[PDB]
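This is the structure, below, for whatever I ask next.
A single protein chain has been removed from this complex, and every other one stays in its place.
Labels for the chains are A, B and C, by order of writing; each one numbers its residues from 1.
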Amino acid sequence: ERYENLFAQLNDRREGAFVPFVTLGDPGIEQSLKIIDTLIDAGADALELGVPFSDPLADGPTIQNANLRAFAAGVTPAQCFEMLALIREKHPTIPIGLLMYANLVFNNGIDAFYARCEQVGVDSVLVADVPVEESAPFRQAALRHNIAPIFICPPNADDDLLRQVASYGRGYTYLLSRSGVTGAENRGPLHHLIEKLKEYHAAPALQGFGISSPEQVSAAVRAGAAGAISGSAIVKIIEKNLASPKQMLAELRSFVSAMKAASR
Amino acid sequence: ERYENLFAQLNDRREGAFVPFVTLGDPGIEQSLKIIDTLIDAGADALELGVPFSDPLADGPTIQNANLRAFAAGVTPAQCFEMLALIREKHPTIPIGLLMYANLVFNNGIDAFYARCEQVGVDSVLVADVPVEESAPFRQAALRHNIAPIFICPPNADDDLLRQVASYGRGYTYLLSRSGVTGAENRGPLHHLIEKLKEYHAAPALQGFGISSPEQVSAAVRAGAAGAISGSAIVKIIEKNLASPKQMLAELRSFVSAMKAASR
Amino acid sequence: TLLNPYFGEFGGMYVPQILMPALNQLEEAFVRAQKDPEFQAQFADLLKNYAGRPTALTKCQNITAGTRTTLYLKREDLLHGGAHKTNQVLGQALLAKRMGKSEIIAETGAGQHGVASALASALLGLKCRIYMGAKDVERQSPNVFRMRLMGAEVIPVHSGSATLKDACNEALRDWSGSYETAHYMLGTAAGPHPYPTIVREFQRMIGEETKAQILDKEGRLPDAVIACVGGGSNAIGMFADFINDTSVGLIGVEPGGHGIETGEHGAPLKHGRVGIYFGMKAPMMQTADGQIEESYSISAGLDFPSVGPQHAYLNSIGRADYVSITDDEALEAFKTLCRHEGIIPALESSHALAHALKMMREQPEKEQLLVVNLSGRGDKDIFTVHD
Partner (left out) sequence: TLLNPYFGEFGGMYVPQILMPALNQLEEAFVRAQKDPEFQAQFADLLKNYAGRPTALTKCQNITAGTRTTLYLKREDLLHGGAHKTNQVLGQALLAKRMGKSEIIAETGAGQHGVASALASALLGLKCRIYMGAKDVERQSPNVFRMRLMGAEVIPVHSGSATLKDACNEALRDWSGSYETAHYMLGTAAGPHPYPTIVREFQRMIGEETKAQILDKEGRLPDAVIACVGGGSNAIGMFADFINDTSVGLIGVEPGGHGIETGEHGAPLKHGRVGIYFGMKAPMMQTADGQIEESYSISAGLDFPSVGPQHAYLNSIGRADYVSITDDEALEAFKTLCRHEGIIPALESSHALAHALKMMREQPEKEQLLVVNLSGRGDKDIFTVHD
């Protein structure tokens, strides 16, 4: 119930949630651990973590390169779970969501993957390539191990989808602001969905895709969303400062402080 | 009637005719004129002269190269007729036969080509690619300008052909000893033809193709043929001694003296 | 959905939520098209007068001399374009048109699907976009020039391993943002439903023609029909009409590469592991950690690292049997057909021929009526087989 607690807390502060994304192991394990602590220290309310996958078909160049850089460092899925445990042993309340692709969770049993998530302290799991029509086994397994199954609500969702998403999801509802793939390279009116989701008692919505500026997060909150997720804008700072780790952390701090301030 | 006179003369000597072949202009005009006089001086009874043609489809490598060497020297058909006139102005009785391909005589009128042959002192003309079935116009033109039309009698000629050859030919009947193309590279029983040709009152037969040794000409005579033609064996001596003109003439002499001696 | 997305445990619709309406749209347009005599008449005319349908069925007498086998070959190598791939793309193009679409997105490895998509679009007036891994682009200059000459836009993908896999990715990425104006022309009988069903249906002519053809020439159905399996389109097209004829054996051939035992092959259905990828649940070339891997073969066209769901299913119930053939084995069959029948087969098809040749050779006294699907022409492979 990490998400439930955070949201009730943020509401009591009339505040929105700022959730940054990074790929576990980019540019290296040790440096990644360092980036994550900097993220939290600067104000992150929750975390969205992607484990390195060979074929990320829902990601743009920025995030595609994050996976490649991680692969270059030799980060394996088993090494990822080791990283996750340390992050929780350090930060007990922060919600942690995993960005996954289907094969990595089905690979050696759907059940066993979610069991491992529980054992590590993971809070939610979004499988980018599993639509509602195919979620049954992932939904069931997640619920059985106290992991929240994240469902995606596209900007063109009809009543039938909205009702389904509201009913099956938990933790947070991923409100897709745009069509296409991840990328702050190009920007992205969700008032209607936001109201209908609230009507069907869906989990609080977090707006994701294209969010790269302070004004963008304030707008999400004003629309009625409980917060916003930002990945490319974050990963871009890592890409920029690969030769100067210290520079990375410093610039990483300034960006998330600015973004957090915008949710007040 | 140059052929008629020569043959009656040779018969009165109980002798056969030795006829060497060369390509006009090989290896060069001046040197060719020199080779021809050497040929006659050493004993040649008559001459078979080929004018350079681009596609000699009845000739083997040896003679193919003679044409190429002539072309390399820049010998043209007009230059050939100039050469022929000088040869006659020097030697008045020796029979001279031309080895031709169809296009060169048809090129600028069949009639005009034979008229030029008369004006130069040519005695006979063999067009290698004109069978009896297609000779009418060449036969007629030749006869009209007192030039003898040479017909080929293959080793497999049936009665109908023998009768045709005997009736249309003049000067000499070209008795093909072999199948295939010109070449002393490979050797080659014509008794039956020789008798039948004599029976139909054909022009005296000269055996050609593959004749390269003294024994070969004596055998031709013994079979009943009035003589023998030899080209590759002659041209080969030219090819051999290109760098030593003097050597050429000397070796050219020895060969034709040996060959001539064999017809006695 | 209107039709079943699964063939037993295999198949499905594993794509992001955003692409689901695109798939339901396509499915519905297909169900309608299939009922429309006007669509059917148009598709038929294009196959006959433009593609060269029906293709011949050639008896190979020289090749089977001294044995009790009678071999015939389905002349798909005589189809316009040099491969079976042409039947499919025409139908899919007519579907895109039916939907009001004016743009085509394509995926290609060796180049064949690229050329076929490019020609269909030129004929039918559609704007074609084609994704090709930078490695394959460099490796396949002839097909790339052919594609461009036919008005198609070729786009090199440098991500991942820069090959078919990554081309497949970039295409979906593109499609997730353009599905409203563009239609994705998938190149094989795999991927998310309704592609496996649509590709089969638009490749059915093959076995349908083969049946009547063999029935006329021999008055009997064959004992077995054989076909190579890269992704599964030519194989399923041959199979389909004979599925309900229990006495006819269906044999699929997968590339063995340097040998199964070396791990250097492209036989996932038989030597891989079931996973979820490319909007599908099916056997796959995978690392122990679930990272998608590459398929290897002398023939570039048998590179697809997975396989069609209907094949995985026909295998599980025992309806069809699958085998593999190595590089050296496919080369031998290539050489043999050139020499004894005067036909130059694609190295792809050569895998199918090679198995038919083994069937004969191994049991020469066995009476057998065989049909191999010669899915393509081999002019393409002259230099490869030469070096």
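Simple rule for what comes next: a contact is a pair of C-beta atoms (placed from the backbone, for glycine too) under 8 Å apart; a residue touches a chain by one contact, two chains touch by 3 or more.
Asker: Would you indicate which residue among C:119, C:214, C:226 or C:312 is in contact with the undisplayed chain?
Answerer: With C:119, C:214, C:226 or C:312 as choices, the missing chain is touched by C:119.
Asker: If I consider the whole complex, including the chain that's not displayed, which of B:7, B:53 or B:168 touches that chain?
Answerer: Of the candidates B:7, B:53 or B:168, B:53 is in touch with the missing chain.
Asker: Sort through B:128, B:220, B:237 or B:248 and give me the one touching the missing partner chain.
Answerer: The one listed residue touching the chain not shown is B:128.
Asker: Going by the contact rule already stated, which one of C:32, C:68, C:158 or C:339 would touch the omitted chain in the full complex?
Answerer: C:339
Asker: Footprint of the hidden chain on chain B, which residues?
Answerer: Residue positions of chain B that touch the missing chain: 53-61, 64, 68, 76-78, 102-104, 106-108, 128-134, 151-154, 156, 161, 176, 179-181.
Asker: Pick out the residues on chain C that sit against the missing chain.
Answerer: Residues 48-52, 55-59, 62, 75, 78, 80, 82, 118-123, 125, 142, 145-146, 149-151, 335, 338-344, 379, 382-383, 385-386 of chain C touch the chain absent from view.
Criterion: only the chains that are shown with their structure count from here on.
Asker: Please work out the Cα centroid separation of chain B and chain C, and write it as a whole number of Å.
Answerer: Whole-Å distance between the two chain centres: 69.
Asker: Any idea how many Å lie between the Cα centroids of chain A and chain B?
Answerer: One centre to the other, that is 100 Å.
Asker: Quick one: report the Å distance separating chain A from chain C, using the average Cα coordinate of each chain.
Answerer: Computed from C-alpha means, the inter-chain centre distance equals 39 Å.
Asker: Could you pull out the residues of chain C that touch at least 2 other chains?
Answerer: Within chain C, no residue touches at least two other chains.
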